[PDB]
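This document opens with one chain alone, in structure tokens, the form deposited in one PDB entry.
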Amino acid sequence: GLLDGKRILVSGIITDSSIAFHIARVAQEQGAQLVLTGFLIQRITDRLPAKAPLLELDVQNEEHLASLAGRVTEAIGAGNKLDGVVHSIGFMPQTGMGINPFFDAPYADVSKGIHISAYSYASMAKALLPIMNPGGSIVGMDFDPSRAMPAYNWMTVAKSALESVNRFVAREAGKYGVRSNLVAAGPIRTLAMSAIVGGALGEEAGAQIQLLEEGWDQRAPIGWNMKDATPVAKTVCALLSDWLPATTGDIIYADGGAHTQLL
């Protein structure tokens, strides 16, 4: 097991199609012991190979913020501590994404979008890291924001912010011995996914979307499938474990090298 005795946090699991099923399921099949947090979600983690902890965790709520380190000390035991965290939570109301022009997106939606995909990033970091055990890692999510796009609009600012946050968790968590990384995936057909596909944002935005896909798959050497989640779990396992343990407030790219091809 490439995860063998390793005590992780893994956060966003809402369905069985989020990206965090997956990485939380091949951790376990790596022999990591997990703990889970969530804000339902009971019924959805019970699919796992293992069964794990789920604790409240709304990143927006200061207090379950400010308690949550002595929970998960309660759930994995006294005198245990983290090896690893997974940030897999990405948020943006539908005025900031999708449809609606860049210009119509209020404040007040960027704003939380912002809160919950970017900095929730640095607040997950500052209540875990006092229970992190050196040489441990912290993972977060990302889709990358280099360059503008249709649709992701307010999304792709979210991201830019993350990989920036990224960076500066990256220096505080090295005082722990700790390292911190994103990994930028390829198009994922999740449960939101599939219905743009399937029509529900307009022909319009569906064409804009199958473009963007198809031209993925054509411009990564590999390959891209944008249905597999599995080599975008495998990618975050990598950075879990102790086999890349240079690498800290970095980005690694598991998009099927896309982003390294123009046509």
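C-alpha atoms forming the largest set that superposes within 1.5 Å between two forms make up the rigid core. Residue numbers count along the first chain shown, from 1. First, how it differs from the form deposited in another entry.
Among the candidates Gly70, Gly223, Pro49, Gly198, the CA atom that moves 2 angstroms or more between the two forms after core superposition belongs to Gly198 alone.
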The other form holds:
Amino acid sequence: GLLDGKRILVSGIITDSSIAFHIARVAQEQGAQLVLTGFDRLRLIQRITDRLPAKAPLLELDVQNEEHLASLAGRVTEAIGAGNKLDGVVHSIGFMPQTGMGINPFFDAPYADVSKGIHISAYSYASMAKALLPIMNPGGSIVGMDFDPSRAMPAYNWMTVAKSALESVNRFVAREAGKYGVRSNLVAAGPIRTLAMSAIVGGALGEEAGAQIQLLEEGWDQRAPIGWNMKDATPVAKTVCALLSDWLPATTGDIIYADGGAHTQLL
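Same protein, different state: after the form deposited in one PDB entry, show the form deposited in another entry.
This part shows the chain on its own.
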């Protein structure tokens, strides 16, 4: 397998439609030995991850909890065995309150909400690298999930700002990770029909936001030279595994686009 013998931490599984579930599945199909991290609904996450090709220990991690982050390296070492280190880390964490995404006017998001979204979606990429770099092997890889925020778009609002902040955070994380012989990169995915994305299209964040995200999805497949299947997270999962492998050894502080090439096309 592409990741045979590698010890990889995967955060971000919440449902069977989570991009992290598909990353975890493909990584296991490719011979990686995983450690999982889950937030708040641990009973649910264990039951979901019971469907993965192989059993993997599950650790609790709220990225807003400083105790969870301070104990994380020790908890991972206990799960993987003393003397072993991680070869890979996947950050597949993102959150923005409803005031910061959807039909709620961009000017009507209170800062406490925007700040919580930026903490979880951008700052935590640096918190996770700080916690795990001391237990990472040379030649290692840290990968985070991105949604191209180079241009403004309807409804994505403050989550776009959190992604722009995450891209900047990734470039600095690469400076730190480099001291450990570790790469840091983001995968900018095309839109994926997760449970939340389906709910948004169904009007969970207002009708106008639903209509706008449906047009974005259509335009994405139209612009993508190889097309874009929003119901298929496997091409995104494979790209994350390509970055976790030894096959992109000279790429760091960078962004790889697993979006069907849609960002390279105007129309």
